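Model the placement of chain A' with the ligands on the given structure of chain A, informed by the hints.
2 protein chains.
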Amino acid sequence: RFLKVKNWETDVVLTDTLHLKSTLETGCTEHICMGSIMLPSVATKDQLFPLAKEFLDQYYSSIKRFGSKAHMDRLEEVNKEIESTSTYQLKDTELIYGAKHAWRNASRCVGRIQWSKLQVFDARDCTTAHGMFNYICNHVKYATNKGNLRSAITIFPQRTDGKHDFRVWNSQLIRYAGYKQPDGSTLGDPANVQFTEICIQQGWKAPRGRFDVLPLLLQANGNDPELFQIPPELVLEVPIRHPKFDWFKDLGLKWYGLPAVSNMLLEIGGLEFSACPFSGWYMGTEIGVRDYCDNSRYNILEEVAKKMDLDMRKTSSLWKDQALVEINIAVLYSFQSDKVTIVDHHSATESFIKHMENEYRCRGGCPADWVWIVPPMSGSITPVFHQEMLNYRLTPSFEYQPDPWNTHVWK
Amino acid sequence: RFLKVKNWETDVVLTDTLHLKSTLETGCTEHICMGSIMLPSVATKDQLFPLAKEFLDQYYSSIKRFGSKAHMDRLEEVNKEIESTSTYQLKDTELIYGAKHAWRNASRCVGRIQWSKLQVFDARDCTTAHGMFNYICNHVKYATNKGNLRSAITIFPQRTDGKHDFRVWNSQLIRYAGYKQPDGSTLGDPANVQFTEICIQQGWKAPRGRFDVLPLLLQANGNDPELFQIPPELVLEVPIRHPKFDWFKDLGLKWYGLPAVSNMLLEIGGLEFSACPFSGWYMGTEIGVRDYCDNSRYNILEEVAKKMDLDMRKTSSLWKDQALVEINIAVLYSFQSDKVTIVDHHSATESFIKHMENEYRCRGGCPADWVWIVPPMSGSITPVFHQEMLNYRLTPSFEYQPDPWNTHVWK
Ligand code: HEM
Ligand code: HEM
Ligand SMILES: Cc1cc(N)nc(CCCN2CCN(C)CC2)c1
Ligand SMILES: Cc1cc(N)nc(CCCN2CCN(C)CC2)c1
Ligand SMILES: C[C@H](O)[C@H](O)[C@H]1CNc2nc(N)[nH]c(=O)c2N1
Ligand SMILES: C[C@H](O)[C@H](O)[C@H]1CNc2nc(N)[nH]c(=O)c2N1
Ligand SMILES: [Zn+2]
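These protein sequence lines map, in sequence, to chains A and A'. A prime marks a further copy of an entry chain. The first sequence maps to residues 299 to 339, 348 to 717 in PDB author numbering. The second sequence maps to residues 299 to 339, 348 to 717 in PDB author numbering.
If you're looking for bench data, these hints aren't it; they were derived computationally from the structure. Take these hints with a grain of salt, some might be off.
No distinction is drawn between identical chains; accordingly, a pair holds when it is met within one copy or between any pair of copies.
Taking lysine-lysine and the DSS-like style, the derived pairs with C-alpha atoms no more than 25 Å apart in a straight line are [claimed, not checked]:
(1) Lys626 with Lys612
(2) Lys319 with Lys351
(3) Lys550 with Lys613
(4) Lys645 with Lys620
Chain A on its own, in the form it takes in the complex:
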């Protein structure tokens, strides 16, 4: 009931009591653990008020005014709004608190040490696709800060009935296109081959190359979505070069600077924000391991091994491992030499351990998903590999949601 997590590299123990405030369900049972399943699985006023009260009770507890008259009046004020309107509206302060704690509670995020320095852009007055584009352009420009990347979120109107949803149909604001070929192979990013098609079905004219930035597909208030091109001056890109291998430039790789997730749902006080793009900075391995070396993404270990003059016959020559490291030295060096913010999996995992220590002290724990927190290379020479972690669902939270093209009434 008051569980213990141990670190097996330092023999450090921490006691978790925050998991008592956990609410949602994990997918695991007493007889089965699903902690490696990727996606485990209209709101009414009956459910809304307990969720609002639970959220408000922790908000007012956070500003040192638990249960005061200002608290009780806001509780009644919201209770009466849910009675009248069958929903309610967050104060700006509550919105910023809510957003910051959805990040704080993101168990799959290794970067949460930064959770309190989030810039929240309130876009709940938006009504059109064009307004979303404008709001999203300002988000991009701010978060990029000329390479001095700053974390931020832009929050579009909450879900009302269900058929009037604000949605960014892109999974990230900046992604490269994926084109299949007549010979079956893929140009660009295979991940986005389907979304790259949908843009064309809606009228996008593709430059059909490698690193072609996709347009935005913005759906406002349930209406059919619309295409907008992000001004290229707003899309910062880093060309990937190596500090030793000069042939690495001829690989002609590059990546975008701003990681900005746009397909998730923000839950605050039982209110659902279906469009809530949020951005930080990359850990190098996201690019240099997954984006570049997944078999089903850019898949470059092939060429990189070739140019290094590697034994590619035997699997046991570790030619894949050796080329994977060079690629990540180059992603980091390129970003740093350009002064674009990035963190290596060593610094980032060390910071999460120190974050964890801060959380258990001043909060009673920190939900953490080991499967996602451990980096995709060199796992056990980073400190989080040896750190036991308890995973549980706290609110406010970011949640997955269906891709909007599978659920949307059209025209």
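Just chain A' with the ligands, lined up with the frame of chain A:
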């Protein structure tokens, strides 16, 4: 109730129904996932018969004779033995079946594709420490097969009352010693510093070097344990050299060929075998990542980076990642050039995926612990990283047990 696991690199889906036969508990609840906790947590005749029947019902189902007279008579025969003796004895066939399925059911083992080719040595007639030594020497000689390693297990008498336990106090039959120093640092393997002391307290005379093979501390029938030196001709070792770097020989590293776990408990039909050493062959990363590069083990990334002429100032130069790969190319090359059996994390993880496919087809699933199955380097360029896995506890099984020095009445 009939769950689905997905592979996110191949889009392959498999349906798990074997988890219905799961029995023990995982430590997880509907509200908390503990799949990253390392160790989550006298038998009477009331509990023994359901466990015996459940085991016998699956044994006789495995030889195509479910519920026959030969089955029903064995059920009654065991029921009457548990009535008379408050325990029972397995047939040799049932012992071999039991042992093979404890391996098959080992969710943290990536090598299970081999589970049916296990050599089972029945040592239930053993009565003395010296007998254990003899049985264990024959196990070592057989499993090593001059480097053509063969999987095997030796099974000492089952637990009767509790104070008459057979125990191998070593955690592995072959381990290197760990000596602290006057200046605090450690010589050899820091993992075994405590056990290396216990041997001395019992009278071991240490050659106090690096790779000094520890003696065996064998406890028979509850009596105080006794020290035996494995004949050095029986302990096969590989010196670690690199196929490119000739200075790598001067590192003077070497490792033993035979991985042989001796501190776990084998459960079959509700009977507990407290001494049951079992052995296979190494995956290279067990040596070259964990044993060699854990901060709390040999910790060699220091020197290896030095001799490679690496940028060791910045963390983001990935000098640790680069040296980690070289060390694992060398472990593999050394073992192979000596014809000592070993598997690289690529071949081994590929084989486990194909094992998984075999299991789901002919068995309805395969319990698997993602946290342990993914190798400690290059995680996502191996296929198991992208494979969802369901973890659950099947019996027969290998279980953890307390270290015997913490629990043993002495003299
Ligand atoms: C500022 C630096 C940040 C770093 C270094 C970082 C690091 C990471 C990494 C490596 C992942 C795993 C992504 C993947 O493997 O696909 C992740 C996931 C995640 N990030 Fe963070 N992140 C940062 C900022 C943020 C911010 C500002 C938010 C929200 C406001 C956020 C919310 C999340 C969530 C909810 C997930 C997991 C959900 C999912 O992606 O499936 N992150 N982060
Ligand atoms: C034959 C080749 C084998 C390979 C390549 C292999 C591979 C592995 C690896 C890499 C681990 C993780 C160990 C660690 O990280 O400390 C492991 C664990 C395990 N192995 Fe296998 N193994 C093999 C044979 C066997 C055999 C013959 C048995 C039993 C009869 C067995 C039972 C287990 C169990 C029960 C565990 C997990 C329990 C624990 O170690 O905590 N293995 N194996
Ligand atoms: C804000 C942010 C920062 C960062 N450094 N990285 C991310 C990546 C999140 C990937 N999610 C889940 C996987 N999904 C396939 C794509 C979306 C987000
Ligand atoms: C039979 C076998 C083969 C193999 N290749 N590897 C192993 C290692 C098992 C490590 N276990 C758990 C961790 N524990 C600290 C030590 C004992 C066993
Ligand atoms: C904290 C975590 O449970 C612990 O470090 C685990 C992680 N995964 C592992 N996986 C394997 N194969 N072996 C281990 O010792 C561990 N250690
Ligand atoms: C099967 C498994 O759930 C899946 O491949 C996960 C594993 N861990 C991950 N960890 C991170 N950070 N990102 C991912 O996409 C994944 N994928
Ligand atoms: Zn779990």
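Okay, the hints, checked on the actual structure:
no. : hint               : verdict
1   : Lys626 with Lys612 : both (11 Å within a copy, 23 Å between copies)
2   : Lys319 with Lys351 : within (22 Å within a copy, 41 Å between copies)
3   : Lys550 with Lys613 : both (13 Å within a copy, 17 Å between copies)
4   : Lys645 with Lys620 : between (39 Å within a copy, 16 Å between copies)
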